[PDB]
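Missing here: one protein chain of the complex. Every other protein chain is in place.
So that you can tell them apart, the chains are marked A, B and C in the order they are listed, and the count of residues begins at 1 in each.
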């Protein structure tokens, strides 16, 4: 029952920065603490174990410190391949427990999304299914909230989101959310709205159609 | 590479009959030969092993004989719970090989199917899919051939059959075959026919609609 | 180069079962504790289970106790994870991970990981059927097509149990979509109104459909 608490959840930084990620254990774990790197869609990679022992092959700009209940991972001079999620892990002989992960992303200025809503095509509607798409284009940071409203009632369980990686050109994110319904269900209501909340919007933005 | 050959494939008999099922091996297997009973949807049950040793608990109307390349399973006085599929098996220390199975069914007179074709409902068609059903009602024996013809072209891969067990009242079989298509695909052709071959039909019977 | 590769992932409905396996290249598992770890959609890692050398100790996260089992096969180098009574929160990428380091000790980090296999548990463990009619001085057939339900079984009667002679309800068929279909038919005099009562206990659904020309 050791609880591991990693902070912060998200860190924005630039190539060349020195950054530190903290992990705190609810009780002393001596130095039984490992740090891992993970890229989206890839396996985790071990960087540091025994709190401060660098795995052979890992570059020296990574270091770890601490003992007891407080640990730190430092990257001294971020490079472009270091933007990733970092996880701490208390390991024991026959189990392990991980902190919640820290996503390290490229810092830029705040950018509000541009929002677009698209109705299902007539071709698709004919074959028995309606897909409604909402596009959030080029925003930063990534934290965005998209709610689907059908005749003013919040939808839940019938939509899926997909977010890009940080754009090669402008370090923003884009996001699509697709609300999927049957022909029949689609036909029962009139107003289809997508409502978006983001740090760079003064108030939530709604786009809709009839 | 012993090949096991069971005959016949199908045996029709009555309560009270004495029946025999034969298994032939491509080379001597001494007496390493087992017989199993199996009901539809249930696990096989061992009846006889070492060619003629009855498993404890198995009724004495079952017996087995043979040695070498020729084996026989005899049921001396069939009862109603003996209608089932019977499988022979040559077993070795680290593998086994089964004959093709004999389905034992209740003998009756030949009965030709009555054939019905049903088009998809308008309700279903609207939601993007057409199901066409063909019914073969109360026939005997079970061996029947159902071919779907769409504008005279044989369908394959887009239909599924389902056969009942021998009817409690009249010892016949019934069979449904369902050809499943999309709205679109359905709409492309005119004449939908089901053609049925059965021992009790003088020639194949076709039912169709437009 | 040392490799781990998971297999067996896919889609499951809540309540269902799924088994994963992990095979390896270029090392032997026998001196290693092996583990399963999963990455949940929020991004964080959760330790799932561990199995020590010789299978002496099998440990599982509190959330999967009594539902998951881990096994190993040291002669041909496989690890297994059985998942039963699966829940929406089991949805994740599952990795097999070796515990070890350059020189083994009684407590090492996870030094080699498989690429992961995607496991998706959808929230609907049941789905009521759709019911479509099979529309009909002699002998005539009609019936109801009971399409796209899960799991089995459905029950059909006609005229709330008043019509039983000539009723044939066929064994369900498993469609390529993972949903079941069956038809129920009855032969009736060509010369009255017919209603088939579809009962689907798993989804507490009960449908009534009138079949007519």
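Just so we're on the same page, a contact is a pair of C-beta atoms (placed from the backbone, for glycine too) under 8 Å apart; a residue touches a chain by one contact, two chains touch by 3 or more.
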Can you list the shown chains that the hidden chain touches? A, B, C
Using the document's definition of touch, tell me which of C:73, C:89, C:208 or C:212 contacts the absent chain. C:73
Check each of C:7, C:25, C:155 or C:164 against the chain that is not shown and name the one that touches it. C:7
Identified contact with the non-displayed chain, of A:10, A:95, A:174 or A:197: A:174
Considering the whole complex, not just the chains shown, which residues of chain B touch the missing one? 32, 34, 36, 38, 42-46, 49, 55-56, 85, 87, 89, 91-101, 103, 157
Across the whole complex, the chain not displayed is touched by chain C residues 7-8, 10-11, 16-21, 55, 58, 69, 71-73, 75-76, 78, 80, 82, 84, 118, 120, 122, 124, 174, 176-178
What residues on chain A make contact with the chain left out of this view? 114, 116, 118-121, 123-124, 131, 133, 135, 137, 160, 162-164, 174, 176, 178, 180
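By definition in this document, only the chains that are shown with their structure count from here on.
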With chain centres defined as C-alpha means, what is the inter-centre distance between chain A and chain C in Å? 29
What's the distance between the Cα centroids of chain A and chain B, rounded to whole Å? 56
Among all residues of chain B, those touching at least two other chains are none
